[PDB]
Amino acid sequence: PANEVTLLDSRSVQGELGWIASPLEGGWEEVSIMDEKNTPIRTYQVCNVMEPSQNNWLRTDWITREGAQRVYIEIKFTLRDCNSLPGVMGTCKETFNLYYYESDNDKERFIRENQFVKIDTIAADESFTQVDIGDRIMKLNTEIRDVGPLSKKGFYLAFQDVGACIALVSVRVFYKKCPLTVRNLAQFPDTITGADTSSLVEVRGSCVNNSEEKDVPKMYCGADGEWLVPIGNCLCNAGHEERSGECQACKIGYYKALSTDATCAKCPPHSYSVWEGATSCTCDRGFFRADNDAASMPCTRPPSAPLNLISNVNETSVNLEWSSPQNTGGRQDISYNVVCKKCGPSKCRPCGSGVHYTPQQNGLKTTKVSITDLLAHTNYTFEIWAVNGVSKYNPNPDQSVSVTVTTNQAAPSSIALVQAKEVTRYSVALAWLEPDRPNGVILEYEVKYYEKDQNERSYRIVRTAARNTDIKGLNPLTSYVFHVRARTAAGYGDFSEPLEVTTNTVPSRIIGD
């Protein structure tokens, strides 16, 4: 596996591994066993089970420990049951002994007779047998033992047969490491396991490119080569976000302003980021951000012109009313500034004075202002400007609309004749005269209507340029009241006397059928 590093494998070793036996003859014997396919595997067998005592040694070649302290030894072997051999009770054994000795000499010519250390007496437990199909062996035992802590450049493994009936099929020697990994944006290197089978090796992580440490990244390498639960983390730098084990630049159109931010966010309305790894979003053309700001908050724009600009005049005092613009851009910080003028295109200077202008004349949150005390018979002109937190960045006169007005201009008279031209079950067509004395240019007419009955009465308004209108979508057989008034730059005339019209049962020709 990725957590094991093989120091020796007898099955890999080609062509007579070869191993020192003592005695050289009559002890452990090398013989090749045939697998399913392909090549032979060198094994060692002895079954000297009729002898009173046996001491047969077999020793590997020198094995480097590399950097390992704790080394594992996996032995696969077969064992013939003493009971299956006739009359060998008392001589025959079911175990063999395993030893090692550490050495800096990789060239030892003879098996040592003293300095070895016993790893264990190895027994085969029957119930743990495996079927090995590859080498054609029905009952194979596998036992693993471990040694350490190892301090020298290498070591020799030795097998002592005391009188068993045994074939050593394979020997694999290895150490364990926790494999290279990335955890919480910190890299942890391949780490050789500790000195004992219980050891934990503390490893400090390194921040990946390109991120910064938040809390010191640390993780334990367990002796089984598994990492334990890490602590600490690194955070992706601004303009980057965690993907896989890496901090990758924010994708086009996306941004991350601070390292403490989780992931990349798409640029908010009317801002964009044209480069990867963006920490900011450039405002779109015609769009801005106020000094009081969040780069997460969308860019905004100066509003459109205020709507339904309506003038009323009384003597020298001009009262004005308007409505919120169609496009705020948008923000709720909108306010209005009024602009006075005197002309009658060229020149038209400010009319500068100490006038009011009540309540404000600038930075105004309401839709009304009353102007008082300016001079009497002259044409003035007003611009009402819709303002917001931006527009100091791009002021334009189309953030305002104008009304030309004449002071001391009288309001128009009332209408005094309004007629129902055609009545159907759902509609009333109206027509009316111009007022006797418009006293100026008529800008539009307003029809006001409602149900005669006060309960469930809804007041509605229709505006028109012409002197007629068709009021549609009404209740049938229902009594309604209509009034009309005209507007000029001097304001509204008084409404006409009420005209009462009851819808009838005449079919609608629009609906047909």
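Residue numbers count along the first chain shown, from 1. So that the term is clear: the rigid core is the largest set of C-alpha atoms that superpose within 1.5 Å between two forms. What changes on going to the form solved in complex with its partner chain:
Looking at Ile111, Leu375, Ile192, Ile252 after a core superposition between the two forms, you find that only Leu375 has a C-alpha shift of 2 Å or more. Residue displacement note: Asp61 has its CA displaced by under 2 Å between the two forms (rigid core superposed). Once the rigid core is overlaid between the two forms, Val441 counts among the residues whose Cα shifts by 2 Å or more. Core-superposed comparison between the two forms: the CA of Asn237 stays below a 2 Å shift.
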Given for the second form:
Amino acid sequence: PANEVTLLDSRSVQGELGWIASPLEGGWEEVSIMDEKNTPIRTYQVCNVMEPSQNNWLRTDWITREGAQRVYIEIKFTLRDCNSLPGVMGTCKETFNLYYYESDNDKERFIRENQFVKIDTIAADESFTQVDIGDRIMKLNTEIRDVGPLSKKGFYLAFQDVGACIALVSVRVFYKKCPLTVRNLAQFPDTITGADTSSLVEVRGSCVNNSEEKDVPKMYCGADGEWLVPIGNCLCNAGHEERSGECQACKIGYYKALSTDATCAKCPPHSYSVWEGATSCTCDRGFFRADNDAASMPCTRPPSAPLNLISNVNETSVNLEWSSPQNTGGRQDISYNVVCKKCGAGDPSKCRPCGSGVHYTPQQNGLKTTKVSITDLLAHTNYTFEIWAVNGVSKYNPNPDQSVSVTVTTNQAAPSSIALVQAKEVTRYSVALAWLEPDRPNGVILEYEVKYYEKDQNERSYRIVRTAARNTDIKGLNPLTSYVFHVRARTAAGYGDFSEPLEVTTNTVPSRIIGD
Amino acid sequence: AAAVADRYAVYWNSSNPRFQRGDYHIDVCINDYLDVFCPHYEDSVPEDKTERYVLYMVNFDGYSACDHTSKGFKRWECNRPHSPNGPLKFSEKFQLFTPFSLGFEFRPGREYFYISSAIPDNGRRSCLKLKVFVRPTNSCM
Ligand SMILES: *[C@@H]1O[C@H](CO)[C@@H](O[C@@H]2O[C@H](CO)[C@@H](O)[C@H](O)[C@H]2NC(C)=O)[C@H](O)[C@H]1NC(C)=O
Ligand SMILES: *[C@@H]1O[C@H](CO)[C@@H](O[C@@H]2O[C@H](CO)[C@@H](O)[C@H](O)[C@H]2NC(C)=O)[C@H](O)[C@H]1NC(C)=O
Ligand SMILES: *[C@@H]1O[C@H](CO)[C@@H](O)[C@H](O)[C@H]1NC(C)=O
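Based on the form solved without its partner chain presented above, generate the structure block for the form solved in complex with its partner chain.
Following is the full complex, with the preceding chain placed first.
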């Protein structure tokens, strides 16, 4: 398998395996045979079950240990029953001995006679018999032993036969390793197992291209070549996600903002990522995101114009009401701003801004409802209002069609006083009066009303004259007599304050109407 | 070197006269070896300008007709003409008892037969072949 590394394979030594047999003749003998795999192979066999005392050695070549410290030996063999060998009473055996010795000398020519160290006595589980030969049943044993901790460049293996009848079908020698692997986005190298069969080897991992360490990546290598329970991890950098044991760049149309984010997601509504490995999505044409933001959250737009603009008015006060636009963009942060102006026959947009101490209750700006009440403004002028539908964007794309206008003509109230009333001509019986238009008509002046009486409280009669013009002639008065005059104006809202008293005394100048 | 036992060597190619009248035969004793060598060439030789065959151990009837089918057992593959160190070698011990389960046994005074088919695969009425007579114990001891 992937966790075993071969140091010796008898079947695989295609350049013929050269082993020392001692004795060189009459002991272990190499002999040709057909295996479990039907391959023709040379193997060693011995069957001297009829001699009193037997000591037959067979020793491998020098076997370099590489770096291993715990080496396994897997022997496949057949051993025959001493029952099935006729008249072998006393000496026949059913076991063989297994040895090794360590050496840096790869050319030790002669089997050591002392220095060998017994690994084990190997017995069979399926000793064979005449019948098996008869029927071509190959009762094949497998035994594994292991040795170490090994310290020298190499070792030899040996087999001693003391009287069995046995055939070595294969010898394979190997060590174990935990294979190169990636766990929690860290890479761990091929790692040779430790010195004992209970040894763990600590291995520090390396963060995969391209990812960042969260906790230090570590894993343990088990004696059996299985990686044991890991600790630590790496996280895929922003714009990358974990697939297999790699951090791959996010696909086109996908993005990942931080390393701490799970996988790539697709770009939310009205954003797009044109490159792989995208940490953000570039908003689509005409779309934006507010300072209060998440790149996760979809991009939005300035709304349409607000709808059903609906005006109410009192004499010198405008109350306004409208409805949510057709397209919000959309978002819940929609608000409205009110804008005041002043025009007339100046259709061209020639409108001084009216800026004043008006209100505008509750707000005038950043308004959450669909109502606003304007107060403290002048009576007979055409005001214009723009209501603007706003949101968290549109500061990034303003435009007059995010608003709708109402040109409105105000209400009228009763006028100011006149202040200047003059006597134009005085005769013995008449007073001709003339006055100016009040400073603030507060509307269309319909007529004027003159109130007069004698200055003296005794014999005083209050009289009234009406006119459309700003002048009148009071006739039929007492000569050389002092009178008082007041003038007021009228609009549909009512009467203005009477003017400051004008005192005029008739003279003795003859009336030309009277003549003679 | 030491021996009690003899080893018969046999070079199996068609260049070898002992094969000519199809009557190559050896007398062996028990525990003798027969070593058949395969045909083996120079590195600079095309592997098809090359003799290669499969060796089969078969009974008399299949010794007669050059036929392994239903006659005996495959034993060796001579297909590796550039074998790394020397020619490919098949060893046979003429033993009483096999230590191998699917090995082979021989009795004195009995006689045993080998034939071969080529890797050219040609259906032959003609094959290189060998008869082995295992002597009586009273010609050995
Ligand atoms: C307020 O606005 C209008 C202009 O929009 C002024 O005059 C208007 O002129 C049209 C003819 O073009 C006439 O219908 C009226 O004379 C006015 N319009 C309306 C609806 O009455 C008007 O004088 C302005 N008002 C003030 C106080 O300045
Ligand atoms: C073909 O077989 C012949 C003999 O039939 C082989 O010749 C022998 O080769 C061996 C080993 O190298 C020598 O020790 C013998 O003395 C040779 N005998 C003769 C007559 O030459 C020959 O090598 C075989 N070769 C091939 C390539 O198949
Ligand atoms: C005009 O309306 C305002 C606000 O509603 C109010 O304060 C004011 O008294 C009103 N004037 C009237 C009804 O004549």
